[PDB]
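One chain of protein is taken out of this complex; the other chains stay put.
First chain written, first letter: the chains are A, B and C, and each begins at residue 1.
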Amino acid sequence: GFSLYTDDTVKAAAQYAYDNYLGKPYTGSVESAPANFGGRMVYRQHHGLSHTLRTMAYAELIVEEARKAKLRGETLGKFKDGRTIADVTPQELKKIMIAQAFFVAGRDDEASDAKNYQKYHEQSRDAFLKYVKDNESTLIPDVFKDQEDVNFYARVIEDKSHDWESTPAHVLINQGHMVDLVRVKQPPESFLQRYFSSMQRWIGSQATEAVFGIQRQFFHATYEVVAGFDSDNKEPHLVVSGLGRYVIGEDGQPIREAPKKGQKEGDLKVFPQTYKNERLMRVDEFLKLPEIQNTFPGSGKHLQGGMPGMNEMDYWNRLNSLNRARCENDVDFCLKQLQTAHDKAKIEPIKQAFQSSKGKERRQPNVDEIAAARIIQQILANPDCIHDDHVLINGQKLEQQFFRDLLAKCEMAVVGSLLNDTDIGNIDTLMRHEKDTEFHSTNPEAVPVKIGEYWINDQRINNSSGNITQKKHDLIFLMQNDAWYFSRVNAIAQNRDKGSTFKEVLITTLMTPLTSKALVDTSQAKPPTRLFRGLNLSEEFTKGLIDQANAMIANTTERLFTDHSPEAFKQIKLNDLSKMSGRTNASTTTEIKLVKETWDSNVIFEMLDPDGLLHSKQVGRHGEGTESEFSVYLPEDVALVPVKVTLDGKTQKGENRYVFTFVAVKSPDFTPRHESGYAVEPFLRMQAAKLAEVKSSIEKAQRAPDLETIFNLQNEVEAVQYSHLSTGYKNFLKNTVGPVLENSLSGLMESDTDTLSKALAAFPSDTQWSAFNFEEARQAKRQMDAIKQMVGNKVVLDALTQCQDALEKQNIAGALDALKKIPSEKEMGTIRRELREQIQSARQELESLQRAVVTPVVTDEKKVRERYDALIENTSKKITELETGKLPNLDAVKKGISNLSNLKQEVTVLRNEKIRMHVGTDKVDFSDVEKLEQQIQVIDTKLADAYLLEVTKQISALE
Amino acid sequence: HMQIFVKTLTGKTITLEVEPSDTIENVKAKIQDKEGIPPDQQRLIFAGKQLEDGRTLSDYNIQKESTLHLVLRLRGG
Amino acid sequence: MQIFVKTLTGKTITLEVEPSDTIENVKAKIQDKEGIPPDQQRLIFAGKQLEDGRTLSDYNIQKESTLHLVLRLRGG
Partner (left out) sequence: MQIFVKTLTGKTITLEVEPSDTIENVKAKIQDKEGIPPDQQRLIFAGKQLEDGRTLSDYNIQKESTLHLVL
């Protein structure tokens, strides 16, 4: 619970050091001039408040990264006793920081020679002692243990002896001070390589890169210069071991001297020297050195300096401005600035781990969710189809597991949008048709509730008006409270329920999207940035959550040079806790007091939501003593990635309370891979059955295909040539009507063809017929109309078949083509208003084609691809390293089995990333994770054999 | 005796009972008794072919249950 | 017997009640004290929800214990 950024005791000590020493003018001679920034004064710009403040953050930082490192398999440098930087405690870190505040208080000048050095640090240790002396009544009891303790840290501020490696307290305070010099000294490569190697010895290589990484962000947050790192820097390298240099003379070779059994040996740090012929070694020459390339990550790398997004002119402005002064003067502001920067460096590394998002928006329906919402809609519309253990629609039997699959694979927030107020109103009709019993989630000794009877009577008394808007609130209200409902709905939704009836699974599948829709329409409140959620769980099951949470926090680190993204990706894909708040309308509050106090929660999910993703809707009315509740249906590409895991006191039942703080992160890497067809394929068979009835009825209601009636109208056409009728009428039948009956005869007689479809279009309209006055043309039309309904009846019958043929083999695209064949009206209006049942179907497929296939390799084919190569290379290098493992005793073998246990998990991640980044219709190439899996089975039996050997050698020994 | 069918553009079918060998002129008179149409104003059409009064039904290969198309020719016999 | 019911607001209320009695009656006692309708309030104890109709004896409520009252009203 301790932190530099939120401890008034630590900040008070800082305020003191500022008011008295750091904030007072430099009474020294050398470089003690006052600095101006934006029209505000800062007496000590180099070693002022911003200086001693950052250094404290470093301690916080280095200890965090150190503790993260140990959470990985890493072994940190031990001191005289078996303690590492990661063994530093919250109390000890407070002493370190308070000590660290006065570490530059004794400064009078900016002078840098040994005499001034001893003097100023002489004064600094006193200032500390003085401050402690003043507030001994509040510190020495609890903050410190005794005067011995205070003298230890005061001794360190003095630095009489030159040791800085002695203990954690010593290393932190000294490195923290020296690393803050990165923002000033001018061979950035030379210094950085130096400071890196220094910290790498105590904390680790990855942990260090995180440090200087988050260190650049502290500079930007405190308005100090962020230097770059140019691998190709051609300026003269400066050896930091003193102020020496490296030299190359005659032959382009660096000067050396060779001792015993070393071949060529270390470089002669020619101090600064005057030469020739001879030339000093450049930064790039140093960086390309075989010594440096294999030990320093920054070789060949480049870090852009200044600020990204602004030129160096407008950067200079940002450096010489008020906040640069407010930082050096305002202690509260400076802490906040770092605080947010540090807290930021905990999120951004997670974003970098996965491929980028775009907008916060919820996704768009795919085929299955479109068809899904159709089914739900009809169920609410026609409750009659609901049975004891299944729902029947258009001859399709929808079992239990289907509605479970519908809850598992369908973005229910998205299905809810496809529903309407009419579908809300069908809750009343749905609840009338039902008089079944909902049960409690656990609490087997609980009163069952008739859900149908409860709803109806709920609306009679509370919804006197029947107002549709209200209904939604009532549905939402039914959601909160009534643990005879939400207990079963949530337990079913997340597939962690037991002994559930079909009526309970069915209604959950329906009430979920409806409730979500009700929430979306209702909530007009601004989306909160911070939500809290409480759960009751066993201390041992919570123990497993803390480990999974610690895995992700441990392997996600800010970047400097080398990219540790793939590994963070892996660890998060392995321990992810997001699917605990998904698949259902999880309820949350905005006020902590409701989870801590009222409900006495042992586990609290603090969910940070600054980017506004995770759209959460208000529930009930908020106020003083209200729940202040918000529902959240977790989006399928949004994950809740843990940033911190804190212990906060205990509950009423004595057990410790853990508060996990998560952070919403949207990325296509989180979208679940679901095989489509789970809700649409039944829906296609449904529509095919609906057409089968319309086809059958039409096939026997109007029928028969008299061929003779065509022959006559063909004989009559040739017969009206000698009729003394019009000159045009004789031409209309011979030239216009003649050929139509020509093709109509070929089509009907010879198979189907598009001939029947095209001929049906050549049929003269009623308008063309009327323009032949009134006469024996009327007797011609009713003959013609009789013939049209013959061709039409056939084409409409072949279209229903060829369409039904589609649906059988899916091809929802091909089905619609046929239905575009059916004639409309004046071409075909001899079939009754089952035209309605037919247009209703083309309308069902018009909407199924409005599918959106959302992408998972949404760009960053380079990130997705590159990231994969790192993982497989890593995992393969972990398996081959275990491949030739010395198994001396039983301990080495025990370590190997758990290794293999973890590698087994890794390779499947390798597998899914192959699947998820693969495109096309062909065999997914697994050739590489095959060679790995085989290695696994090899070192599975190797250990299992060598295990029994050791367990036997152990019982042998014990006798 | 065989029965054949005669149609009009107006829309009425006429049924006639006749034996083969009868002439077209003879069939025209049979229409006269049935539907009061003068033989002078008749054109018989079959299979796109116009029947002359001298030839029998057997010549045009008209057979039982066949259909004919009667048209009224005015200003001519 | 004496019991305590607390609120998210931050104020504690003191109640005089019998171990006999239902919860709706205890809910009513809170209603009279601070003018809050029993329909809008849910009583919680040890993170567990107390149902009306059930006596304090059923939940094993004892003297000087504390309860947690929260306001759950309908949407509107």
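Simple rule for what comes next: a residue touches a chain if its C-beta (ideal position, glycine included) is under 8 Å from a C-beta of that chain, and two chains touch if they have at least 3 such contacts.
Participant: Looking at A:256, A:782 or A:953, which makes contact with the chain not pictured?
Facilitator: Missing-chain contact among the listed residues: A:953.
Participant: List the subunit A residues touching the unshown chain?
Facilitator: On the side of subunit A, residues 948-949, 951-959 touch the unshown chain.
In the analysis below, only the chains that are shown with their structure count from here on.
Participant: Could you grab the centroid distance between subunit A and subunit C? Build each centroid from C-alpha atoms only and quote it in angstrom.
Facilitator: Centre-to-centre distance between subunit A and subunit C: 42 Å.
Participant: Taking each chain's centre as the mean of its CA atoms, how far is subunit B from subunit C in angstrom?
Facilitator: Using C-alpha averages as centres, the distance is 107 Å.
Participant: How far is the middle of subunit A from the middle of subunit B, if each middle is the mean of its Cα atoms, in Å?
Facilitator: Chain centroid spacing, subunit A to subunit B, equals 90 Å.
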